[PDB]
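Single chain ahead, written as structure tokens, the form solved without N-(propan-2-yl)pyridin-3-amine.
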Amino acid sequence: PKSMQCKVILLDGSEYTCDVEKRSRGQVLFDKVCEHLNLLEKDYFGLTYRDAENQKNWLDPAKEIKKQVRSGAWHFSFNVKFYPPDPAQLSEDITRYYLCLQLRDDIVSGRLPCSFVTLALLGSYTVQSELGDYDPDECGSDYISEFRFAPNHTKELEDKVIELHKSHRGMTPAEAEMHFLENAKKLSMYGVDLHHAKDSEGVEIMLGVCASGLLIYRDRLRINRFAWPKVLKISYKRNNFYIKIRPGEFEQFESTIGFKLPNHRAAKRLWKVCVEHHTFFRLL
């Protein structure tokens, strides 16, 4: 039985290495990573890989790994796939912990925009969880944390993290992580997967996929929002992505909205993430 080496980047930035039989389905590798992580609430997570166009793709757990990575390296990341709208309802603290690690990367990367005060508050909960109670011995007037808190760090932001960290004395790691999540979950881009597209007129938009539905960001004025229950059919054809919006009360016909994606693979990827979100968030 021939086995392929897999390398998985974990949410703490470390690398997990294991072997699977070369015809293994994605679920096999995912089960190994999740056991390594002592993770039981596995439904929120998945593995990504980079395709031959260098795009992030979800590893389909039901399909052979080799028919997805194809010509590419067996290199993956472990990621949150479905961001829980109410992290307090997850059954395990360790689930909330991995969700915090993902969100920290969402913030530092700039995928999850955040005000100065919310960056400092989230940072303060991370420090409380990671180091425990504020200690002045590890912080003079010139302190800069090893923790990455933001896409761009300033001395002012470092100072505000410490000031709020001082307020959290006696907070336990699970408590600080829950506070982190209670704040993060409110951010307007929380759990929004953004896809570049053009509308039916050729105007550049972003489509966001999340728990509450599909978001169509045209400009700062008028953001179109469509709740999953308002969506009956999601389809792609060539470079095109279509959603079938259900008839409003007393309307005779479903309405169709068309988008142009960069290429056929980008349209299929958007279709699959929409179908998966619709199914997942239909059951929650």
The other form holds:
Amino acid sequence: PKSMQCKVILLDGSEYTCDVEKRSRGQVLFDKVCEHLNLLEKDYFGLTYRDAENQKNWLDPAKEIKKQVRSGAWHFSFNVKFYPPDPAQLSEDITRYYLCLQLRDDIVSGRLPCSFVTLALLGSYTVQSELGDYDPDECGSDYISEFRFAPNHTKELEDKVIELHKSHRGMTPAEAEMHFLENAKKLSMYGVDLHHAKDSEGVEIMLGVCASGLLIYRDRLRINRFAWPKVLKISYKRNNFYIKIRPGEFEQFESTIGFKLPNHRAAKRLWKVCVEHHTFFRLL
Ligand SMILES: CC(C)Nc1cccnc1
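Please move on to the form solved in complex with N-(propan-2-yl)pyridin-3-amine, as the form solved without N-(propan-2-yl)pyridin-3-amine is already shown.
What follows is the whole complex; the chain from before opens it.
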């Protein structure tokens, strides 16, 4: 039996290495990673890889790894796939912990935009979780944390993190992580997967996929939202992505909204994340 080496970037930035038989399906590698992480609530998570166009793709657990990575390295990242709308209802603290690590990267990366005060507040809960109670011994008037809190750091942000950290004395790691999540879950881009597209007129838009449904970001003024129950059919053909929008009470016909994606693979990728979100969030 021939085995391929797999490298997985974990959410703390460390690398997990293992071997799987070369015809293994994605579920095999994912089960190895989740066992390493002591993770039981695995349904919210997945592995991504980069394709030959350098696009992030979800590794499909049902399909052979080799038929997905194709010509690329067997290099993966461990990620949140389905962001829980109510992290308080997850059964395990360790689930909440990995969700916090993902969100910290969503924030530092700029995928999850955040006000100054919310960057500082989230930062303060991370520090409380990671270091425990505030200690002035480690932190003088010139303190800069090793923790990344934002896409751009300022001394004012570091100071506000410390001020709010002082307020969390006695807070345990699980408690700080729950506070982090109660705040992060409210952010307008929480758990929103953005795809670049053009509308039927050629105007550049972003399509957001999340728990609540499909979002169309046009220009600051005019954001369309289609709740999953309002979506009967998701389709792709060539470079085009289509959603079937329910008639609404006393209308005779379903209505159709069409988008142009950069290429056929981008349209298929958007279709698959929409179908997976619709299934997941129709059962939640
Ligand atoms: C399917 C996910 C992992 N990758 C992605 C998300 C948004 C836009 N393009 C690619």
